[PDB]
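Just one protein chain is left out here, and the rest sit where they should.
The chains carry the letters A, B, C, D and E, assigned in the order they are written, with residues numbered from 1 in each.
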Amino acid sequence: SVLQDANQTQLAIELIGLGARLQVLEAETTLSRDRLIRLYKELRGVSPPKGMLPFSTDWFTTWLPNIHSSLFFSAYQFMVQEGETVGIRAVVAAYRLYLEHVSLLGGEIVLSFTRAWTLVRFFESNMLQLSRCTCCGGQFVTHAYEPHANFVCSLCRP
Amino acid sequence: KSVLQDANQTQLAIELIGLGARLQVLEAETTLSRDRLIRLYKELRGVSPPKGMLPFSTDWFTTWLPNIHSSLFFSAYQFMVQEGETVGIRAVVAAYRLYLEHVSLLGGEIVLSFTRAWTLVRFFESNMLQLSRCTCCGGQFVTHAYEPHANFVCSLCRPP
Amino acid sequence: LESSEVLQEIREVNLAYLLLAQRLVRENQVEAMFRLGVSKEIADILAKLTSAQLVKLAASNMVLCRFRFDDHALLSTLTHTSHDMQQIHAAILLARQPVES
Amino acid sequence: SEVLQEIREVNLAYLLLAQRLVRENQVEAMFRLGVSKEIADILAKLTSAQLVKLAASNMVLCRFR
Amino acid sequence: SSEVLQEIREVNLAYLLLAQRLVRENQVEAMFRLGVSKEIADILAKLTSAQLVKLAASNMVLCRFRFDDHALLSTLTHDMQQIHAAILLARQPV
Partner (left out) sequence: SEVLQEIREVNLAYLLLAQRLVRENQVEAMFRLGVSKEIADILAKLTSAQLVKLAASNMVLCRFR
C-alpha cells in the first residue's frame, strides 16, 4: 500500500533526525535495510554508524547514565500510563522531553536515542527494574531482582 | 531520484487529493508517475479519479456567483505571493484553505473546485485574465483580458 | 465620563484580541497575517509575547485596537438590510488592505 | 472550526465595546477609538443582528497600534 | 491586602495562560509539565478569554505548590539539583 509506505518512510526520517542507529530503524519500520542506508545517507552526510545494537545493562547502572536513564524513563512511564499513547510514539515523545531537559543543565546528551530505545525494550522484556528510593522517593533503574530496603539513589549518596 | 525528494512529492500529492484536486493538477505539481497517483487516489478516496479533462475556460469565471468566489479566492492568493513571501502551489493551497474557511460561514456549497482555483491561477499567470478595480467600492475583481477599466462596477455593488 | 465598568470592558477586549492574535500566529504565520492584516515582522512579535508580557499589555486601560474600516460610505453599504453576500464582500476589500509595519 | 468561532467572538466583542463607547460619549469615543464621526454614527445605529452579521467573518475586524 | 491582590491576580492569570498554551501545543506533553489529568488539560484548551479573567482575580492563589516535603526541598536547593527535581515531579500523580 502506497499510504502504508508513505507513513513508514516519514517515521524513518523522524528517527534518523533523532539520531537513531540503523538497526532501530529496521525494527520499527517496514523499509528495506538497504533503503534505510540510502535514506540515512541523504539526511545525514555520512552512512549509518555501522555499529551494532548495544544491548548491555552494565551501562545503565553507571553513575551518570543511571541519572539520565531514570529521568528519561520516568517521562516515558507517563506517556504510556496516563498519556494514552503507546508504542514507538511513546518512546519518541519521552526522548523529546529528555532532550528538552538537557538544555537547562547545558551538558552533553548522555542518553542516545538508541540507548533510550534499548532501555525501553529491556523493560518490555523484564531485564531491568524500577526501585523506589528510601530517602527521596523517586524511582530509579536497577538490575533485575535487586533488593529494596537498602536502596539509595545516585543523587542522594554518590 | 532522491528518496527525500520522492517523500516530499508523495506528501504533496496526498494534500491535493484531500482538497479535491483532479488528476491533471497532480501530474503538473508533482513528479510522481501518472499510474502511481491512480493507486494513491484509489487508496485515499473510494473510487478512481473522475477521468474528466481540465476545464480551461474563462466563461465560468465571469459568471456572477463564480466571479465572486474567484475574485475572493484570488485576493487571498494575491496576498500570499505579495506579502506572504510564499509562491507556487503552496501559495495556491494556502489561499484555497482560507477560501474554504470563509465558505463555512455563508453555508453555501463550495462553488470553486480546487482545480478551477488552480485553473484561475494559471489563467492569471498566463495573462489571460485581469483584475479590475471597482469604481464604487474599490475592491479588485477578475474580468476578461483587455476589458477597460474606469467604467467598471463590481458584481456586489451592482448585481443583475 | 468613562470609568468603572467601562474600563473593565476595555481591558477584557484587549486581552481577547491578543489571545486570538497569538493563537492565530502560532498555528500558521501567513494565515494569521491575512486575518489581522499585519506584517510578518509584527506577527513574530505577537507570537513571541510571554504570559507576563500579555498581562502588562492587556490591562493598559487604553483601546489597543483601531477599527479596520475608515470609509463610512463603504460600511453603510456593507452592513445594509440586497444580496447577503455582504460577508463575502467585506473579505475582498479587507484582503487588499495593506499590512502594518 | 474553533479558530473561526473565536474570530467571530472577538469581532463582536470589539463592535459591542465601540458601540457602547460612541453611544455614551461620541466626542470622546471618536478620540479614544481613533474613528471618524461618520463611522462613529454608523456604529451607534447598528442593530444587534447587524453586529453579528458584521462580526461573522473569517477575518479579524480590527488592527493594532 | 491592597497591592498584594494585584500580584496575586497577575500570577493566577499568567499560570492559566501557560496552561492553555501548553495544552493547545501538545496535550500529552502539557499534562506532563503541568502534572494534570487529561480531563483538566482538555478543559483549559477550550477556555475563553473572559473565563480566564474571572478566575484570575479570585483573590485566592488558584495554583498550589507541587512540593510538600521540606526535607527534600531543603536538600534540593543547596549541581544535579535541577535534574533530580524532574524525576520526582514526573511520578507525582495528576
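Definition applied: contacts are C-beta pairs under 8 Å (C-beta built on N, C-alpha and C of every residue); 3 or more make two chains touch, one makes a residue touch a chain.
Within the whole complex, the absent chain has one touching residue among A:103, A:125 or A:150, and that is A:103. Per the touch definition above, the residue from C:51, C:76, C:77 or C:97 contacting the chain not shown is C:51. Where subunit A meets the omitted chain, the residues involved are 97, 100-101, 103-104.
Across the interface with the omitted chain, subunit C contributes residues 48, 50-52. Although one chain is not shown, part of subunit E still touches it, namely residues 4, 7-8, 10-11, 14-15, 18-19, 21-22, 25, 32-36, 40, 60-68, 70, 73-74, 76-77, 81-82, 85-86, 89-90.
Criterion: only the chains that are shown with their structure count from here on.
The pair with more inter-chain C-beta contacts, choosing from C-E and B-D, is C-E. In whole angstrom, the spacing between the mean C-alpha positions of subunit B and subunit C is 28. Rounded to whole angstrom, the centroid-to-centroid distance between subunit A and subunit B, based on C-alpha atoms, equals 46 Å.
Multi-chain contact residues of subunit E, defined as those touching 2 or more other chains: 48. Shown for subunit A are the residues in touch with two or more other chains, of which there are none.
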